[PDB]
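Quick heads-up: it's one chain on its own, the form deposited without ligand PHU, in structure tokens.
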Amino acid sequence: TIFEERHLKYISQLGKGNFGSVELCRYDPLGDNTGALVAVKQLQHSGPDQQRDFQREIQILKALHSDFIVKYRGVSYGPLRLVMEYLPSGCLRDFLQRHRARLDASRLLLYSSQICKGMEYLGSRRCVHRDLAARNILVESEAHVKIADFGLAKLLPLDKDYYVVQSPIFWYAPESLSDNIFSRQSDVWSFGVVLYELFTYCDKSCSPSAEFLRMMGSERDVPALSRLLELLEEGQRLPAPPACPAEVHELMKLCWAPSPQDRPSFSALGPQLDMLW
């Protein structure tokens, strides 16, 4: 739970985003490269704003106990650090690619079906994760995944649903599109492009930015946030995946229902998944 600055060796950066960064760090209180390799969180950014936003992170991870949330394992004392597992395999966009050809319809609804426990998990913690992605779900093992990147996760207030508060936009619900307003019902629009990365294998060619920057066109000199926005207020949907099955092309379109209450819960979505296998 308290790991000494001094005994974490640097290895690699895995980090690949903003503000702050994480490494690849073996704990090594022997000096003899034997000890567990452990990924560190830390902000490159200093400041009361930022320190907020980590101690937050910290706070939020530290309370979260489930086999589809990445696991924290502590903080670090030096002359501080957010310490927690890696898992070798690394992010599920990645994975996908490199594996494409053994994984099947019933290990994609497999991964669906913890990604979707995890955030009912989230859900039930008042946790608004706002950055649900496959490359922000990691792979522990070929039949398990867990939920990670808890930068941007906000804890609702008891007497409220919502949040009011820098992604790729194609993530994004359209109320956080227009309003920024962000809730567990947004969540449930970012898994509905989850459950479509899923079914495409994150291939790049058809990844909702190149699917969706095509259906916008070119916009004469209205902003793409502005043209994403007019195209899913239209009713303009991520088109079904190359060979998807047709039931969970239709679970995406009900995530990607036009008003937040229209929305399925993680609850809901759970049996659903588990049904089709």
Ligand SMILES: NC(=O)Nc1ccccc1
The other form holds:
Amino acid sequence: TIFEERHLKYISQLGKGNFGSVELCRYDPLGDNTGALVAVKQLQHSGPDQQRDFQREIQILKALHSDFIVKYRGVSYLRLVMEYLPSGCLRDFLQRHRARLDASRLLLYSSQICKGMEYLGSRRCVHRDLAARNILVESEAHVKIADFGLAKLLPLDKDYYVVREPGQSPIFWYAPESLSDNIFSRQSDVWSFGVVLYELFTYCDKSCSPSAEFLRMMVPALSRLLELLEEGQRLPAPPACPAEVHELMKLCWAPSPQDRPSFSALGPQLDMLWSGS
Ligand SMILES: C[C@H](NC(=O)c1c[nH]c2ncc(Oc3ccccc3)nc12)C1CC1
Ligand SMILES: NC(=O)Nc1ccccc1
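Give me the form solved in complex with ligand PHU now, not the form deposited without ligand PHU.
Whole complex next, starting from this chain.
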């Protein structure tokens, strides 16, 4: 649980985002290159607000225990040590392996992500950055939610959270209430899950990505996106998308957070489709 810094050997950068970076390191206390590989998050550079956020992220991740959430391994004193999943993120894995991954498998990943989100919700955790680029692949048939850099715990007496600064993530995964009023909730994570189902079923192809679709659907982009959403415009069904999968996405994109299903209602539905595919 406590890793000594001198034993963590730097290999490469894995990714970066919201003021943090994740490195691939070997935890190599013998110094002979035989130790296990780990992913180590740290701030990219120092700053006291980032620091306080980072401490909370660590406390959140340490207290999450799910097969569908990336595993906390410990800390180094300033760094968060996590399991390293060499297949990397689901966005990349989908683009590389599309020819091999059928509808059944995408429904399997969808069910696993839903089940991880159901668990997060039970912990009063709003993830706030759900997207295929932040889901990791453990094996061919197992994914895990990662990137808790923006995650918040809801107080016991309130089911939403208002953020003060504007968001910094690609705008096409945010719910309308987040776009307009910086409100985030478990039901805003359901909106984002609908976009994740869209990514899965397009295999993260860049030409039909959420972003590419907006510049086709056509004043600042954020205001334009909100007007398009208020008018009831949505991303079109992915090529060859099963009808029932598309209906589920549209339900996740109900205008009113209270009309979106919960992850507990979504889960059984995905399983039934997975069993019926
Ligand atoms: C960069 C962040 N990654 C993590 O926090 C990771 C924690 N363990 C990992 N194992 C492999 C892996 O592989 C990669 C490599 C490149 C891009 C994404 C994941 N990334 C991570 C973010 C995805 C959640
Ligand atoms: N959720 C949803 O349908 N979002 C959207 C719509 C148009 C363009 C980009 C994203």
